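Student: Residues per chain, in single letters:
2 protein chains.
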Amino acid sequence: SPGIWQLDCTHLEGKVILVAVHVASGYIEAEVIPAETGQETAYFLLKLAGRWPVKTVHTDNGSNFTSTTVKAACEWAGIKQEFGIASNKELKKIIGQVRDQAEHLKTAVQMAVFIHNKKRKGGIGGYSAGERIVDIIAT
Amino acid sequence: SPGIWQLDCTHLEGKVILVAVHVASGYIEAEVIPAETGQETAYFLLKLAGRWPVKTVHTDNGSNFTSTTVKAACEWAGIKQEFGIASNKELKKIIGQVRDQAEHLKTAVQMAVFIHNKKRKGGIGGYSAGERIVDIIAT
Ligand SMILES: Cc1ccc2oc(C#Cc3cccs3)c(CC(=O)O)c2c1
Ligand SMILES: Cc1ccc2oc(C#Cc3cccs3)c(CC(=O)O)c2c1
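As given, the protein sequences belong to chains A and A', one line each in that order. A prime marks a further copy of an entry chain.
Those letters in the first sequence? Residues 57 to 141, 153 to 206, by PDB author numbering.
Those letters in the second sequence? Residues 57 to 141, 153 to 206, by PDB author numbering.
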């Protein structure tokens, strides 16, 4: 289905990175938050769903099932939250390659997301993740 | 061309809203920032261009031409900044319709962006802005 995402967290320099993956394309969006709160996840989901068809979000643990705001975001935007489900180390190599081009970690995280979404697999031919998600939604 | 945007600022409850419009689709992305700094605009442009083809950004005044970080963002991401160029009152009516569904202004701003991007013109038939930008990029 064209609206399936995976949501996860990752950690770098004592900061928290929210990562959404569009499962069929590998497109990612990410955001650095001060702390891993309900509100932050709800805000991120609402932005995401305003940009793409988001039908179902898959997570790997219980954290998101206990936030009052995440459930009000789910419901407002029409997002099914489903339990049950790598990319998270591609990110980190690219973050390492750019880290000292940016003062702020968040900048490096977005430079990493950029390159993840724009590049071709193996550097030649076919579609980027950013091309594939557009191509998937367009049909 | 498929990569042309308009960037502008707007103000509500003493907070600053950055608005990017995809000129051919009317798709919008927006973000509430504490203050109207170079860094914030650069960060927003870098996120945007990591998500969509952004070839040229049109602005209406000189503010963006005097930020060292905005120029380093332009150059890093391959974005031509061009001088010379409404939607900004559709936003505000919808913000008013949702305002007391959300504690934070930023939430109302994203609920407004959601509805702006998802709705059909006149409420029936054709494509939403979010459909049109995908349809434009897919060709
Ligand atoms: C080449 C490039 C592209 C985008 C960029 O965004 C920022 C920023 C920022 C912030 C916004 C709010 C709080 S910090 C920077 C500056 C850095 O990180 O070097 C930067 C540099
Ligand atoms: C239905 C719905 C959907 C998304 C939402 O995001 C937030 C938030 C937030 C924040 C993140 C960081 C600092 S404040 C809220 C709560 C509110 O504004 O009522 C909310 C409610």
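Note that these hints are calculated values from the structure, not bench results.
A hint or two may mislead.
One copy or two, it doesn't matter: identical chains are merged, so the pair holds either way.
To be verified - Straight-line C-alpha distance at most 27 Å; calculated DSSO-like pairs for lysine-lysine:
#: 1; residue 1: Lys156; residue 2: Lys127
#: 2; residue 1: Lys186; residue 2: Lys127
#: 3; residue 1: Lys188; residue 2: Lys127
#: 4; residue 1: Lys173; residue 2: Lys71
#: 5; residue 1: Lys111; residue 2: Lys185
#: 6; residue 1: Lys160; residue 2: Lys127
#: 7; residue 1: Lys173; residue 2: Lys156
Student: Each hint should be assessed against the structure and marked as holding or not.
Tutor: Results for each hint:
{"no.": "1", "hint": "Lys156 / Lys127", "in the structure": "neither (29 Å within a copy, 30 Å between copies)"}
{"no.": "2", "hint": "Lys186 / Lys127", "in the structure": "between (35 Å within a copy, 23 Å between copies)"}
{"no.": "3", "hint": "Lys188 / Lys127", "in the structure": "neither (36 Å within a copy, 29 Å between copies)"}
{"no.": "4", "hint": "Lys173 / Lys71", "in the structure": "both (9 Å within a copy, 22 Å between copies)"}
{"no.": "5", "hint": "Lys111 / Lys185", "in the structure": "both (24 Å within a copy, 14 Å between copies)"}
{"no.": "6", "hint": "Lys160 / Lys127", "in the structure": "between (34 Å within a copy, 26 Å between copies)"}
{"no.": "7", "hint": "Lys173 / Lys156", "in the structure": "within (16 Å within a copy, 31 Å between copies)"}
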